[PDB]
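Just one chain is shown here, as structure tokens, and it is the form solved without this ligand.
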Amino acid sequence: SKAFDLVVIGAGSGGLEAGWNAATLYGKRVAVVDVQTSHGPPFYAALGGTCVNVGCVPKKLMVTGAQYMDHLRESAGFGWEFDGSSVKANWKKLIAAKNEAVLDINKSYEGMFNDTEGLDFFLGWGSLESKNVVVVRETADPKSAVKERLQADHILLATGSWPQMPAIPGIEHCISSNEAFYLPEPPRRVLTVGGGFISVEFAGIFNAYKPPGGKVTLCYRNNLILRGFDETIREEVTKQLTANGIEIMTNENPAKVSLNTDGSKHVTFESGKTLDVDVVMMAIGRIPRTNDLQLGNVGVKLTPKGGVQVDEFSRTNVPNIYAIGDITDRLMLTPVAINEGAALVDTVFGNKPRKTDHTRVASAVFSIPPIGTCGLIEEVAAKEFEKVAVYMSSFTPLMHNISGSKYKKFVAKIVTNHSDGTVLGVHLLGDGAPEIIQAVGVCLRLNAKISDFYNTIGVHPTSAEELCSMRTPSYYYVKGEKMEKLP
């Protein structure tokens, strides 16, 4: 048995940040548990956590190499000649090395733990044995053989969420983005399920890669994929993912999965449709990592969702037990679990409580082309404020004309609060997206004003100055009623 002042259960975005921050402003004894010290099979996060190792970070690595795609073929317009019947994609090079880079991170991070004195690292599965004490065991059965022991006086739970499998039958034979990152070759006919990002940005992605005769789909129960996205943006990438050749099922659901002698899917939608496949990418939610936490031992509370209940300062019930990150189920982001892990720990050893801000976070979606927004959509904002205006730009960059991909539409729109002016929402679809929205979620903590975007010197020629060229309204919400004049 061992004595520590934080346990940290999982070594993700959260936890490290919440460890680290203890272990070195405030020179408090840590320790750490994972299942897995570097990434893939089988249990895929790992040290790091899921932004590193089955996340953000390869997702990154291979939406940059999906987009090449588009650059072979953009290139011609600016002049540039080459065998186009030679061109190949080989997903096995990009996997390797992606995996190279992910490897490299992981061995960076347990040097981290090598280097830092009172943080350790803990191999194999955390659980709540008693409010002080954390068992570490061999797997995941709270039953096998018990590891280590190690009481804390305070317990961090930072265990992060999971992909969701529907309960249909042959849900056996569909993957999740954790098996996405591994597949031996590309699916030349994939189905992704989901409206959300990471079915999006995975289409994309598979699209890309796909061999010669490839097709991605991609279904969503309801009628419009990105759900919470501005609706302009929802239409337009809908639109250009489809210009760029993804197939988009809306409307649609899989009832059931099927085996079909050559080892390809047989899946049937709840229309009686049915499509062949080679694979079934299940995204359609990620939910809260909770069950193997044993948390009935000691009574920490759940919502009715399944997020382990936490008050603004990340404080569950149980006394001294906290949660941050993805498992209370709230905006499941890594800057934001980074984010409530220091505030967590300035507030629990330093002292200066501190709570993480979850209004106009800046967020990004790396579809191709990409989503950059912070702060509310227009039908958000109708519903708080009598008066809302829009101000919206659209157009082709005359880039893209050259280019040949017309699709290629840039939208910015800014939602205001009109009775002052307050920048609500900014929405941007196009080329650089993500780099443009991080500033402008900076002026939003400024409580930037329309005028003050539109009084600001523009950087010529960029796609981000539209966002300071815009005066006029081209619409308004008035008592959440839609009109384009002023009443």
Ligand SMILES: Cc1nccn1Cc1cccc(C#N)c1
The other form holds:
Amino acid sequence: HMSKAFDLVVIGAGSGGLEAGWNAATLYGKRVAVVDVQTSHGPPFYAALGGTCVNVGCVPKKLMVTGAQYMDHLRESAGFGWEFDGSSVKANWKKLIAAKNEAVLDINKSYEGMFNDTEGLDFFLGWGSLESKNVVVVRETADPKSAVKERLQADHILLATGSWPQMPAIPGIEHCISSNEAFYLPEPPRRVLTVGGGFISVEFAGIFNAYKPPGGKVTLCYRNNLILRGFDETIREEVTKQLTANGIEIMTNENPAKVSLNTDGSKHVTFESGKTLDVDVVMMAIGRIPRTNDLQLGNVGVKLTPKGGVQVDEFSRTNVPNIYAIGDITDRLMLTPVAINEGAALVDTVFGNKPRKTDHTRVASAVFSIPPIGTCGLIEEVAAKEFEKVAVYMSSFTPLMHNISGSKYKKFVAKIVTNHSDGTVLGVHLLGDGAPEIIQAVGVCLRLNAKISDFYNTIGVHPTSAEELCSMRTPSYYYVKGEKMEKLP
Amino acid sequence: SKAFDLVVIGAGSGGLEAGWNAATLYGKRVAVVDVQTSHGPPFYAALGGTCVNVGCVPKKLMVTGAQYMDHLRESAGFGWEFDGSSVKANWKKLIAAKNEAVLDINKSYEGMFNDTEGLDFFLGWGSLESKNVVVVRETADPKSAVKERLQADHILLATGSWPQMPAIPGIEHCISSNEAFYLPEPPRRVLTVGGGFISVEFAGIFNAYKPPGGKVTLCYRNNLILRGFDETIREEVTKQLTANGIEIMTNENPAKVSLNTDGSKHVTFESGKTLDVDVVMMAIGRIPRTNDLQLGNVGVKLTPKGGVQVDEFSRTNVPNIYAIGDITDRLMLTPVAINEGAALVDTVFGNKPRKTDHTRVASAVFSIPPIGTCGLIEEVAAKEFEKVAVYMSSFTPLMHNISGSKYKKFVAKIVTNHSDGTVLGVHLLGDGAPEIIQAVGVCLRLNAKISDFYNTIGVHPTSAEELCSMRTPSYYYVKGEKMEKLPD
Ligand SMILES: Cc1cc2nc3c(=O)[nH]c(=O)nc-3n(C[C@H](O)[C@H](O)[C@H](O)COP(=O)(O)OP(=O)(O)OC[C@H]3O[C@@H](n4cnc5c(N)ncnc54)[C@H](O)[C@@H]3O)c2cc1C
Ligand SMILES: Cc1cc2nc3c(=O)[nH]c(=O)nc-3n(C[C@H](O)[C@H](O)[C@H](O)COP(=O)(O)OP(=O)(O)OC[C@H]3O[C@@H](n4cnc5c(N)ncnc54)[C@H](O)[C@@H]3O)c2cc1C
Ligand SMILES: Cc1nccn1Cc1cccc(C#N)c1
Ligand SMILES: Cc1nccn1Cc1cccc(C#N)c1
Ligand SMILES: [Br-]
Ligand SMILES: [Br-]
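Mind sharing the form deposited with this ligand bound? What's above is the form solved without this ligand.
Below: every chain and molecule of the assembly, starting with the one above.
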């Protein structure tokens, strides 16, 4: 065995790394190697070829939220005349997980097939780390003493290893799981606590709520007062109400202090407040941290931020020329389309003679809660710190179809935040069925510096929820040098 | 006799927007005439208009109901189990919930008239007596008892449209969409006549609520349904309706209808083919509602097609008389009528000349699955521009490989002026298409280019992100001719 040489070696065959590698090989004719620890989804390492989104992320969770939405569909169908034997209804979690596994594995195999097929784009199985500025070592395990499978020479090295769930250091943490294990639970839990106020905790609470066996209960806890920090506050409050209305118990200002096993093997959670809760599963979803430990970055001196991500400039360059980093390892916006964008921009800059930096502002994103969130741009309290005068246009109402369906608690919320001095739309925030689909073209609008008049001048599609975005002409309230008020002074 | 700044004939989408804005924004004195205070037989449309009473609002509720036939079947792929043989669709419950929702809107409009200054509602049939006088009568008969005489500085004609019925023997044994909203029972066998959105939408509604053994047939006199929409989507929606059990009869047209002894209908087509159905719903067109207005009393000119002729500011040939909405026989959409009404009042009663933009109007078809579209289809663009590019994406989404509805291909197409990348049209087929397309309408008002779409970061996982992933044209039109690659 001799070492192999490449123009670019990518560590991590995920959302950003695969985009960069495919583009460098097929668009610019470079010789590319990509390293990942596993060729298909699941234990032991959960992520695999395709990345976190494909294997234990956006793709399987969206399939599972879609399955969970049928609990609402079956019940809501009666208002429209549908009759069937309600007593016969069962939610078969094993079938859902098996269908999901097959879909994910099909993607694994297609990525595998393209590496087999594509000239100058090679896959290597193992753990990648940095030996020197131009050599990536591939070992059998994360342990730097494990056996060497390959040495990959590289003119350019891309770090794209993603992130990993954070687990708090509490007694009994070994009795708890993360989202990785949640995707493979043999049976749906009767009682489950999801710990965290972020999108992963909220989304899984909705999944477990639909598939729980008879007499089950889903509890979400969050250590601060209101879940979903960073999202629009009206939407944060409404999502809490609508989760509660669908049977999920939301414990705010509460945080686990320890977990122990009852004699029957269930989990006994004690909170810092002294409250207790018995559940069958505790899922920790308190945050995700960049995966830097195994790369041996000390060997070449790549600088990390205080937070722990790889430090990068606007062009994804580390402090070592010829070493770059994109995606969750940079510990900024942890979204699959941002990682892909960064990968494509980096490759255009390095090999394409067309420099380009990713725009991290006005990125549209979604939460697949039930019902879901779609958002793009600034929340109003952030905008009020940066702009002298901010206007907020707001529409909130239960749609007519949900006055027939029985789900009257399902208010649709649409909000537009503007710089009132010139009308520029600073942000759009949506809650309700369809919000993730509605918000995509809003992202294009904000990239084009749309003003509130551009929205209002556009003729609505009727009847839709989206048309509310094009029917708002008068602010609901304002911020004036940071101060909220119904009217301008 | 009573004096008014504005009299509106027709309390519909456009007429209510115009009257409400004239009163509450400019302080004018406004009278609005309609023939019925709430929905249903005998005149169907009523206070609120066609959309509220027998149009967008109830049909959307009914399409939503029909979608549950798909949801119940598709839930199984995600692990949901229940007694399939116990499922039945209760049409009477559907119609009853729809009726209550519409009536609530009627009452709501009633209270708004009662609560607003300078805004009065009059029940009955309005027609022009003289250039500044509107008469309200008991029936559509111009000899029926006069109820009011309204003198007006300004007159707005906003009476909408009405279903077109072909002149064939037995047309009297057919219904229109008006009656379809009130059928006592869901038809077991039904023929919907027409290729347009109303026929296609009701075909999906009847297909879900039909009793056991039932069958929906849609017929259309030409070769491919949904003329005026994207051709790829026309073919795809044809395929997906067929996959859900609807029979599409193209190049067929009823020649006569006769009554069977059991109450069903015997349809004979021009081709000689025959079909027995319980209901024949004619949905071949809608025509401007001009006949009861006595436009000859004042000389309001019509177009050859029967619309009231208007300029870009909604003015007729008679000074002080205006027309908006379906009566002008242009884009027959509720939000266009609302836009026209508002522009009119801003022009007349404010220092604000304003004309409605009828290009790049987003719209939808609530077929199952639905369509969302905005701007030009490629063969219309190919006549207006020397170089046109078409970007195309078409696949079955992952969820429908699991649901079992593998026929549900999502289609996304972007049409550009290839000379400068300007987006001319966007056309979508699939779950969510009407919601996705709304902000595309805003994009086209910022002269968005194809590069503006693909340089935008996607929201993942969605169908909509497909619009931000298309870099390379699938094919072109050059000087009007379709070709896979460019000449240069
Ligand atoms: C439960 C969940 C749901 C999510 N839902 C969404 C959503 O709806 N939308 C969205 O936009 N984002 C979502 N995300 C976020 C998205 O998954 C990430 O932002 C994205 O995958 C990050 O891409 P990346 O290229 O940084 O890394 P990843 O896609 O994580 O790829 C990194 C890869 O590196 C491999 N690797 C790690 N260390 C090594 C090593 N030393 N050697 C070799 N290989 C290594 C891993 O096996 C992995 O395959 C979700 C995340 C989670 C956890
Ligand atoms: C089945 C169906 C579905 C539709 N779905 C949609 C959809 O999803 N989206 C969409 O945008 N559009 C839809 N439309 C079209 C929409 O309904 C019309 O474009 C819109 O209602 C027209 O508004 P308008 O102001 O011209 O008149 P209308 O809203 O039709 O109002 C006309 C009113 O005038 C009254 N009137 C008539 N003659 C007289 C008279 N002589 N005196 C007094 N009053 C009179 C009538 O009672 C009626 O209330 C649909 C139409 C139909 C038939
Ligand atoms: C098919 C495709 N177009 C864009 C990205 N990809 C994904 C892909 C698949 C296999 C290897 C790589 C790398 N490296 C990337
Ligand atoms: C409240 C409202 N804003 C816009 C339209 N409308 C509806 C409405 C109701 C009753 C009378 C009229 C008139 N004329 C209009
Ligand atoms: Br199960
Ligand atoms: Br045709």
